[PDB]
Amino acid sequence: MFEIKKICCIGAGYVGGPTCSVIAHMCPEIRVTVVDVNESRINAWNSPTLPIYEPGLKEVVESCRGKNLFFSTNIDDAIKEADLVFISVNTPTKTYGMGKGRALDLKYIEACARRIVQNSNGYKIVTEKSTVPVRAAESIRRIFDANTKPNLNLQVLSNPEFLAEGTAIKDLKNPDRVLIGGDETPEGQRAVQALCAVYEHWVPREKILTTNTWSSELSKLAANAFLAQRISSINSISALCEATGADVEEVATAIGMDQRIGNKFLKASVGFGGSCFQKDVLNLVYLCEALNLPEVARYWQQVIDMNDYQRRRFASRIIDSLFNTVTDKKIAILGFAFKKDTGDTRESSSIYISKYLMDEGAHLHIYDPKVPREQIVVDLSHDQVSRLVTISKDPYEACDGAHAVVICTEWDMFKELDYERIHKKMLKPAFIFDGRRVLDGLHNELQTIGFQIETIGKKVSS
């Protein structure tokens, strides 16, 4: 049975970076070399300030940077020496041509497959670590077979990531499961056991699932679709709660206490964000349309349509409450990241709520404690930003003479604000639109102050 001793990982993003640091930290006898085409990333890993901030990552990196964990821009030498080659390059959504906005672009994987087969001889294991479309490993095998050399035996496996932005180290040291997919051939099983033996240094065998290559690629996309479907389902219930008088937090709790359903991912919101949910669902839909499966495509498309409906419905309540005219009205936008405790604004619901209010000619005063000022201006552009957008340094400056306060990100600080002071300098009637259910428990207090507070999944009183 083959044993893996030297590992190369193409791509030093949030995928291959943290994953390989844990491998070097739990397998001291294995030499792990993380490479990337960006020289600025390599210098950032070798600097006392890492490019990505994960809790407990500094302790893991500095414990191995020098012994068995190395970062370099010399990709050819790392590929030649390694027994296992990770492909951790980003596969962005296509923005052009057939499949624009849904299909994934494989140009960064095509380059690695052609560069791996170039600077390699003998037996090596090629494993796709990034989120790839289904049957993409067939494309990698096709490049290897067409460009075959004497004494070249490249094995192609699938081992997708499942870590979340915030608990990467905890999810890598104690993962729910490790997914490995390979061909159902004696050569493929040897490569699977080789990679499977690497994780057995700190992962039990029960939490290691071995499937075929296609089941591994499909599981990564479907897992994010199942998670996204839970949010859209509870969001669809929130719209029904607002029309029946029910409360979505009460309904989500009653649903969540069923052990077969679970209580995770049942928090209604203005809409899910991030660079993974909509990206993978839209790719899953494109896959079904390409495979003549229109019933399956329109099934999963409802997850996106529901999420778009949730955002547009929330913005319409704000405009309808403001007498269907928001021209030259000051609106405070509290929160711009797609979730709390981060500065990432990729596919954030605050972008769409802002643009919906910008289409009414509103004067938005946006505040977010961690999102940089330049990111807000870029996400709200294609001229229009300079006329309507103002970025406040604190919440109270954004609510100085504002008609309404809109909460789009569940930052904990918004719960502890002095709403007595805010109401004094707000125009009347003063509105609060809680798009994250963070003020649950302050409704009676905020109404006695003078606020008309509306929130997702609760019928408005009077």
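Residue numbers count along the first chain shown, from 1. What changes on going to the form deposited in another entry:
The hinge separating the two rigid parts that rotate between these two forms falls at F226, chosen from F226, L57, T131, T244. The two rigid parts differ in orientation between these two forms, with the smaller turned by 12° against the larger.
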The other form holds:
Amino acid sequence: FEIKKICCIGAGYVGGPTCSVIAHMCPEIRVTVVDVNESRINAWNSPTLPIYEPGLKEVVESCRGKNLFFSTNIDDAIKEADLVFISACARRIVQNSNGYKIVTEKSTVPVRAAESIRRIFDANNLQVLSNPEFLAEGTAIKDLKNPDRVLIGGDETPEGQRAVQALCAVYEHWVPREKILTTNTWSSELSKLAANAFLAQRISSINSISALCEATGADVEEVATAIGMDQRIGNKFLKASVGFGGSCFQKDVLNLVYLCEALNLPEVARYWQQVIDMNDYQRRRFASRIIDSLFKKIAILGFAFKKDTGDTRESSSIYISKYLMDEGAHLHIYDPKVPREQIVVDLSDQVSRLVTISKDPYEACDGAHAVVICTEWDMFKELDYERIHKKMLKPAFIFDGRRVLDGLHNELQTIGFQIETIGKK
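What does the same protein look like in the form deposited in another entry, given that the last one was the form deposited in one PDB entry?
Only a single chain is listed, so you will not see partners or other molecules.
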């Protein structure tokens, strides 16, 4: 089998970038990204893409209108396509499909998503594959062009392996055969689920150590360095923070917990639950340190769940902000890429009285008792801190929840700041 036309149902953070790179690497393949949201689809064909992703616009504009298309005409793209990506929806596929088509699930949860889709297709010639994304937001384009591995799951039948290899053929345009893993549908789903849980666990583990460091007068970045030098552990994903965010980590871990309880594995359920427990603890612990240090205007720098994205889903900034609002604080929030109205939505009255969304970081710190850094945006370490201290109410506090002001502690102290940082007394 040969794939010549690809439809993707979902023009989001996964759907959008993935297809843009596919169209970019496979000029012979016509890629049509479709969405019910016309506002989003228009923004894709606009010069201002609906999502911020470094290098995406360049990639999109390279192949757009040539082999990459963004449309709201869903039924047509489904009918036209040889492979349908999914980033109840299986029903709309059936109504507009004839003959042989490959239906591929990219989303991590629900856990047995591909198994449920295949269930519908039998209740009515479609092939169901599992192909989870491994890209992280902020580095999506770089991850998609050179991934650590590609994971494709399909039935161990002649028709299943035929569809699997048809999808492998697409990736082999730019991904080495050595990096592509093929397996059954479930092993692929379980593998993605477990991988994200291992990743989230690393953060909770180093965050738990950061609490131990604050309590004992050690430095978590010093400890993390020593831990990271063991090649059996590795040096990546050991950066202590206010807490992990994103649409996937907490959702995946919780879905893992539910599967375990569904399978009568309560110890495995309690084992992975601790990853979430520790994360929520780290957040409460950080907010408490802020309230406690302030015996009031507060500047919140960074609202995205990580840098280089406008995504705010499950961002620790949301929780820290809400924890302070519940104590009656007046917040001034700045984020370089997060849209104003998204911040308002996230915090909902209470928002009307307490929350102000600033256009620039200096506007936010103007007349603030304290500045709280929740997202590791690079611009934050290059700000004029003498200028900020100037227009700040005194005593002026800095709460660094991302360790971005490291190396500036001497400068900031002599300026007149009282700096509080995660994982350090």
